[PDB]
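Colleague: Here's the letter readout for the chains.
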Amino acid sequence: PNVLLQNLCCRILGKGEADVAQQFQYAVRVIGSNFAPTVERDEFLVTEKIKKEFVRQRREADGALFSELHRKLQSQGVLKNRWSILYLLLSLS
Amino acid sequence: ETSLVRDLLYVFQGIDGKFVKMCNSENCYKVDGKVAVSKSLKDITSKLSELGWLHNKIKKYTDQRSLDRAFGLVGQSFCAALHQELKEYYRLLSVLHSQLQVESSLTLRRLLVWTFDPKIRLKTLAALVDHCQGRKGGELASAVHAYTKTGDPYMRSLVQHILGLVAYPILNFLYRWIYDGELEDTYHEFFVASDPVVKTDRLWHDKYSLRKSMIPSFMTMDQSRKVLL
Amino acid sequence: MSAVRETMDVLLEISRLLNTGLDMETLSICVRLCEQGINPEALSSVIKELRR
Amino acid sequence: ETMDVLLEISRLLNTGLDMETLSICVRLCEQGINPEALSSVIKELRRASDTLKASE
Amino acid sequence: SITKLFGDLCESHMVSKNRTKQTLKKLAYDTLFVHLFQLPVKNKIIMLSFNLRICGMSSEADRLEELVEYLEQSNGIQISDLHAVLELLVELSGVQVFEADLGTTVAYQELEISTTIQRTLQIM
Amino acid sequence: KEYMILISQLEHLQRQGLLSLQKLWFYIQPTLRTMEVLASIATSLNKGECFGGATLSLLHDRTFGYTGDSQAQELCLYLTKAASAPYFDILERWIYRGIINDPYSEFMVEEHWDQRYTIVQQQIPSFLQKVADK
Amino acid sequence: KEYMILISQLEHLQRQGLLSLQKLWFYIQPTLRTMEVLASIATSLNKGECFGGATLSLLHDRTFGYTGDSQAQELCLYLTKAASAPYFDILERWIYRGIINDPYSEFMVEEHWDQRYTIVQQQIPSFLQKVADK
Amino acid sequence: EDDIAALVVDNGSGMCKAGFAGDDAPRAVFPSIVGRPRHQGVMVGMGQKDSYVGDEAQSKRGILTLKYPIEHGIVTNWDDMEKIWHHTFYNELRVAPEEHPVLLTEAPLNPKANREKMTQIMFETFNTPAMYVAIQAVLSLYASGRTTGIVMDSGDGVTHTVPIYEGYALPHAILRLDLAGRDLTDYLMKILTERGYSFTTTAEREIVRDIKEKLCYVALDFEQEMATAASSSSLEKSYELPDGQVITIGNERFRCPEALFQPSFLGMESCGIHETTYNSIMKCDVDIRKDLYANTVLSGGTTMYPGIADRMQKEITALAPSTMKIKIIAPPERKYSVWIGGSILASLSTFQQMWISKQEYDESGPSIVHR
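Protein sequences, first through last, are from chains S, A, U, V, P, W, C and B.
Residue numbers for the first sequence follow the UniProt record's numbering, so the first one is 9 and each next one is one higher.
Those letters in the second sequence? Residues 246 to 348, 359 to 484, per the UniProt record's numbering, in order.
Residue numbers for the third sequence follow the UniProt record's numbering, so the first one is 8 and each next one is one higher.
Residue numbers for the fourth sequence follow the UniProt record's numbering, so the first one is 13 and each next one is one higher.
Those letters in the fifth sequence? Residues 3 to 17, 31 to 53, 66 to 121, 155 to 184, per the UniProt record's numbering, in order.
Those letters in the sixth sequence? Residues 300 to 411, 427 to 448, per the UniProt record's numbering, in order.
Those letters in the seventh sequence? Residues 300 to 411, 427 to 448, per the UniProt record's numbering, in order.
Residue numbers for the eighth sequence follow the UniProt record's numbering, so the first one is 2 and each next one is one higher.
Because the hints were derived from the structure by calculation, they are not lab data.
It cannot be assumed that every hint is accurate.
What the hints assert, rightly or not - Here are the simulated DSSO-like cross-link-like pairs (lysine-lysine), alpha carbons at most 27 Å apart as the crow flies:
#: 1; chain 1: B; residue 1: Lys-84; chain 2: B; residue 2: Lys-113
#: 2; chain 1: A; residue 1: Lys-462; chain 2: W; residue 2: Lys-300
#: 3; chain 1: B; residue 1: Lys-84; chain 2: B; residue 2: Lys-68
#: 4; chain 1: B; residue 1: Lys-84; chain 2: P; residue 2: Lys-69
#: 5; chain 1: B; residue 1: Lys-291; chain 2: P; residue 2: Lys-71
#: 6; chain 1: P; residue 1: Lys-6; chain 2: B; residue 2: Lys-84
#: 7; chain 1: S; residue 1: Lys-59; chain 2: U; residue 2: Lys-55
#: 8; chain 1: C; residue 1: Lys-300; chain 2: A; residue 2: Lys-284
#: 9; chain 1: A; residue 1: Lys-263; chain 2: A; residue 2: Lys-378
#: 10; chain 1: V; residue 1: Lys-65; chain 2: P; residue 2: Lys-6
#: 11; chain 1: B; residue 1: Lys-238; chain 2: P; residue 2: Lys-71
#: 12; chain 1: P; residue 1: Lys-40; chain 2: B; residue 2: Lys-238
#: 13; chain 1: P; residue 1: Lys-36; chain 2: C; residue 2: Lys-380
#: 14; chain 1: A; residue 1: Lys-332; chain 2: W; residue 2: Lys-444
#: 15; chain 1: B; residue 1: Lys-328; chain 2: B; residue 2: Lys-359
#: 16; chain 1: V; residue 1: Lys-65; chain 2: P; residue 2: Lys-69
#: 17; chain 1: V; residue 1: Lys-55; chain 2: P; residue 2: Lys-41
Stated by the list, open to error - Computed from the model, here is a short list of chain P residues facing chain S with C-beta under 7 Å:
#: 18; residue: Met-16
#: 19; residue: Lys-69
#: 20; residue: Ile-73
#: 21; residue: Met-74
#: 22; residue: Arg-80
#: 23; residue: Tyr-97
#: 24; residue: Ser-101
#: 25; residue: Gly-103
#: 26; residue: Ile-106
We put the beta carbon where it would ideally sit given N, CA and C, even for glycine.
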């Protein structure tokens, strides 16, 4: 938990292990107050949102492909909290 | 058997039980109503009466306890610590009773040694309320202090507890009145009788006088005139 | 392990398509957290502040 | 001030140390005595006191 | 005066006499040297305050961070390796709102009663 | 709210029942202490009919009186503090600009040229009339 | 206390029957060896009506003569240390500070250059006279 | 056992400090002397005896001639060196070392031909079952609860500056500096002579070595301390020795600790204490230098002053870089810091297979010290 959270600050900022302290406290607080998901778990809602977004930009070809790739992510059977990851990518577009 | 275990329990928990106890010193311990019964009932029925008397002494002081706070700030502080050590006696009453229902077997002789450990506690609080009936301070503080002047290093912790809680309004009058000179006494329960006298601007006329007979014994005389000064 | 590689590949490709600004190492870290049941909302919020 | 602040932190982190032990520990830290070595020494002393106290 | 302090330390945790003190001194030294032979404190503190947050000790987390911040912003006045004092403390670490506190304390009072009853049965 | 929710916590111990009249008396020894103090404050306000500054000095008198009984102090203290933060807020709005407003006539300072006010002495703050003259 | 919980221990066995007079007497032989020395302690305190160092003197010579049974030596050793850690604490603050509290004439050296301090021999010590002089 | 029955003999550089383990000060310390009669006759003073040694040679020092078996820290003669070991075990302790292991000390710069020599003496002559030869540098570090650092041994011997990294010393950083405390006490007599008070009795000169630690004090910045003397400060104390001779301090108070940094008052071109500190660390490996700045330890009988701890601290930064944390660990006792480390070692758990016995001595002879 802690180590991963720290490594993230370290990596994106491109600064070393004890140089991330101030951000490290901000993330721990933001994470600490809203640690767990507050919204229902439902993969389907996110896939539809990601597909409306492509529709919205008329990048429909990238949308069609995105469905193939999402199906591929599911079929491999490796992840379990697929929704969260996809929601995190979508939020970051 | 088990009925005589319930019968002393109600007498500890309060008064009466399966026959009438109501008597305090009209007391033949408890009425049987019969005597065809064992003669070992006369010596278990004397052990039944002797915890309940010392529970009721602390209780009648707690009955006279409740006031807005009138005649003495110290008085209900002492009765507050007798309510706190009253509270400890009931937990020792609930662990007896827990034997009765299923969780087992009872015997009066084992719950006797579980009441023989409250008995050095609640007996000396029954002597401690006997020193002072009074509510006025600087003598309740002299009462709890005369008991650490007595021996027995296992009731010396139990009165020293009461001594720390009795002292807690007295010394809260003192250090604030050293720094500001604020006051609240209207019984003169502090060990300095704080201005009773008619108000005239000072010329060396006595307005503050200690009025020796409100001095704790957890302070001494040369320290009472130092803090008065 | 094989499966895991292929899975990271899909994830990297999805990332590229959605033009998010995540690379492989940051994304692996993001995935490990999410899988521990982390609130993605809160997490996105941290990540945007970290990119600023 | 400073000794009181450090006594609250001791309680929040559940380390159970009062002002006496804290003052002894502070003068050890100041003499350049390693924290990690000391946290071990302390774990052993608690364990040992409590053992001696239980046979009593 | 490393030598007094360590003697003081052996006596403090115990709040006959010479025999015990020498034993404790030996324990203490043996452990100390063995350990010696064999990150900055702030990131460790942060990890702990993070633990406090997930466990929902937020108020204590807020206070803890604030106090550490206060010591950092202070110049030391009687401590010369303030960082080490913090690290040692650190290395020694370890509605339905109102019914939770009441439920824990009531469960504890019942428990205390059970352990005292188990003790009373046990002596027999 | 904390009084009525504890009775439900011991009613979870009533589905596994083994509570006694004597075991329950132990939980009831804290909440008779809290409630008897709550009753003796409640009786005095009826007898007075006090409101506004007449409540404020009455609850300020219980902060003195219940010194030396520490946990009885905590509710009588809490009650004056929660009665003072409304009161002294109507005071502070008069310090930042100049608003005297009396909807119910909670504040003592009545509003009338000559700059008359007159306080009243019926109702007064937690402290004495010297704080009134200021 | 420590007599009467060992009593109840043996009555726990009596909740099943089995017990005869020589089944119980493996308890009576350790208790009998304690009491029989505790009763020969107890006569000299009472009819002596001793107090102070004089009390320590009777318990010290009883501790010397009962070296024959280790169980007998150990009780009067507990008796002479539970009677001396009070009396050691009064002399300890006397030789450390030089001020004493005796509200019951608790020490052999009573108060009241030429302010004479009189040491009595009715609290005649277990320790020698030469170390009592110092 | 050996937990309290291991003997700690710290053969220092002028005083032998013997005692039993699990104490914080030595039982009996006294300066090591022997005395040899020239012509034997009728004696005077203490009773018939073949040699007055030690504390029966310090009681009479004008009927005998004094000879230290330990001179400049190192054993010069080995015959008389056994005679002071004989004195420490049987008079100033009393136990036979044959049932009780012995922990004996060494210099950080004695030759190995000398080191096989002290092993040959304890095994054969005193017939010890086991013993261990231990450095004085590592013991004083051990009383200060560290395992690494440099100790500033300034004793009644050769100044040592020994950086030890994890119980292993750097064999290219142990400087032998010829300042001794006995050099300062001797310097102090000859500037007392500029005040007009001259010695002529050996007994008055013994109290010079006491006064050096006793009356004499150290303030920060000597240079302004003589400047504050020119405006007539209070610092001048006059000890009275019953007789007409006076030992005063006041204009020689600050020159005598100033001679630590400046050997020019002694008339030489040698290194000072801070200087010989700085030269020793400046030839140490660059990766473990940091650990030596933060674990500076004062030790010995020369740096016995109330205020020399902070003088060395304000003074050492002005040499070494300031991107080094230098912290002066100054114990108030430090003469006995070698001994407290030697007793604590007897009570070390990891020492019960580092003992050098007679059986391992029987298989490889006196090169078992190579260890």
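Colleague: So which hints don't hold here, by number, going up?
Modeller: Violated: hints 2, 4, 6, 11, 12, 14, 15, 16, 18, 23, 24, 25 and 26.
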